[PDB]
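S.K.: Here is how the chains run, residue by residue.
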Amino acid sequence: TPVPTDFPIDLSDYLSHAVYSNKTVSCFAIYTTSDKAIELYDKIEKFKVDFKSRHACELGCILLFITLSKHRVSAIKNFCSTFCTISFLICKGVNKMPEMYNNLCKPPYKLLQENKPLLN
Amino acid sequence: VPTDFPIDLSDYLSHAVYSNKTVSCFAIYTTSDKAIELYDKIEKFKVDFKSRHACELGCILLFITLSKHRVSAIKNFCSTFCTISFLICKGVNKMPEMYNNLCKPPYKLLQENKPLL
Amino acid sequence: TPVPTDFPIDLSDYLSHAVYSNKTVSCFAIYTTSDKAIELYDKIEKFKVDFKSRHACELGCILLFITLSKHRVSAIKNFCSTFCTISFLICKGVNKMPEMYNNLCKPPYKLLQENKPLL
DNA sequence: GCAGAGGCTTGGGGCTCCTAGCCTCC
DNA sequence: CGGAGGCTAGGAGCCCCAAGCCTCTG
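Chains as they are written, first to last, in the authors' numbering: chain B, 309 to 428; chain E, 311 to 427; chain A, 309 to 427.
Calculated directly from the structure, the hints in this document are not laboratory data. Hints may contain errors.
[Claimed, not checked] Simulated pairs of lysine-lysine, DSS-like, Cα-Cα distance not exceeding 27 Å:
id, chain 1, residue 1, chain 2, residue 2
1, E, 356, B, 344
2, E, 385, B, 356
3, E, 331, B, 351
4, E, 385, B, 378
5, E, 385, B, 351
6, A, 404, A, 418
7, A, 378, E, 331
8, E, 351, B, 360
9, E, 404, A, 331
All chains, full assembly: derive it from the sequences and hints.
M.R.: Okay, here's the thing in structure tokens:
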């Protein structure tokens with residue numbers, strides 16, 4: 309098994325790939341195992357989220373969410389890795405949240421997930 | 311409910327408030343469940359020794375790290391794991407005596423990665 | 309003005325002259341100014357003091373006391389350099405306490421104030 | 001028997017990064 | 001737009017020293 313490295317390509321365009329940025333976005337998405345995803349579904353409630361949801365992805369499980377306060381992409385990644393028990397994890401800020409959600413409800417992607425429907 | 315460690319072992323602990331010192335060995339005091347969890351979720355510091363212990367209505371996990379950490383950095387670390395579980399963490403100065411006192415009559419030993427020292 | 313440094317020689321045998329010693333004594337003696345002493349007479353009460361007495365030297369007064377808990381001669385020396393931020397004072401541990409007080413009552417000196425008689 | 005010397009042991013704190021927000025430019 | 005990147009209050013790691021403790025010895 310690859311793991312792999314980054315988000316699947318079919319939605320890898322909807323993401324922000326900035327290593328040299330300090331911008332504090334409000335929208336984030338993550339990619340781990342459905343198990344590690346299930347647990348992170350609760351930890352996120354430290355940044356007081358307005359919305360959150362976990363979807364079903366091929367050979368993984370993506371969970372996106374949005375907070376009220378702005379935060380760093382790096383700040384979120386560093387926060388989740390605290391639970392990383394030899395498990396894989398990748399974090400990137402979503403520039404277009406509405407496009408992402410609907411894309412995770414297509415064919416290769418399902419739901420289970422969320423909390424609220426429309427966004428801000 | 312219990313804030314600050316019991317008195318019988320408050321002499322082996324460090325009660326610094328305005329210190330920026332970095333020590334390697336600590337001791338945390340939380341519920342029995344958070345104790346078990348923070349036993350493995352602490353291996354992210356590449357510890358040398360960790361030992362499960364128990365107390366009156368709570369459990370204490372003392373441990374040591376090859377790297378030097380601040381006592382306030384350890385309380386901020388466990389804080390991210392717990393949410394309901396009470397968190398009172400103080401570094402230990404007399405780790406040998408501490409270890410022993412937690413194996414005496416009123417206490418006991420549960421699990422230990424490596425013997426002692 | 310003939311500014312003085314260090315206790316007068318006529319009593320420099322009742323004092324501790326240790327400079328490289330980490331020892332912790334009990335009885336201390338300060339040699340500052342008249343009102344500088346009267347000041348420290350209270351500012352020292354922050355040390356849970358048992359006995360304390362103010363005497364009169366020559367160029368000023370001499371504060372004498374005993375702390376319930378031991379301390380460094382340097383610990384007090386530094387603590388006295390906190391309030392005055394001026395003037396001149398000498399802080400040294402008192403090796404011969406009973407003998408000390410005696411001379412400070414002898415004619416060359418005189419007692420000015422003591423919260424309790426020493427025993 | 002002192003009295004001075006270091007042997008130790010802690011907390012305080014002056015620094016020097018790291019972190020993770022803030023921001024505005026192109 | 002969305003990166004890049006400056007700016008800074010706390011977080012957290014360096015180090016030392018102040019001020020206690022102690023036993024030793026000349």
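S.K.: Now tell me, hint by hint, if it's right for this structure.
M.R.: Status of the hints after comparison with the structure:
With a CA separation close to 21 Å, the supplied pair residue 356 of chain E and residue 344 of chain B stays within the 27 Å bound. A threshold of 27 Å between alpha carbons decides the hint, and for residue 385 of chain E with residue 356 of chain B the separation of about 21 Å falls inside it, so the pair holds. Between residue 331 of chain E and residue 351 of chain B the alpha-carbon distance is near 30 Å, which puts this suggested pair outside the 27 Å criterion. Under the criterion of a C-alpha separation no larger than 27 Å, the hint pairing residue 385 of chain E with residue 378 of chain B is consistent with the structure, at around 25 Å.
A C-alpha spacing of about 17 Å is found between residue 385 of chain E and residue 351 of chain B, which places the hinted pair at or below 27 Å, so the restraint holds. Of the supplied pair hints, the one linking residue 404 of chain A and residue 418 of chain A holds, its CA atoms being roughly 18 Å apart against a limit of 27 Å. Using a Cα cut-off of 27 Å, the hinted pair residue 378 of chain A and residue 331 of chain E holds, with the two alpha carbons roughly 26 Å apart. The suggested pairing of residue 351 of chain E with residue 360 of chain B holds, with an alpha-carbon distance near 25 Å, which does not exceed 27 Å.
For the proposed pair residue 404 of chain E and residue 331 of chain A, the alpha carbon gap of about 24 Å is at most 27 Å, so the pair holds.
Checked against the numbered hints given earlier, this structure breaks only hint 3.
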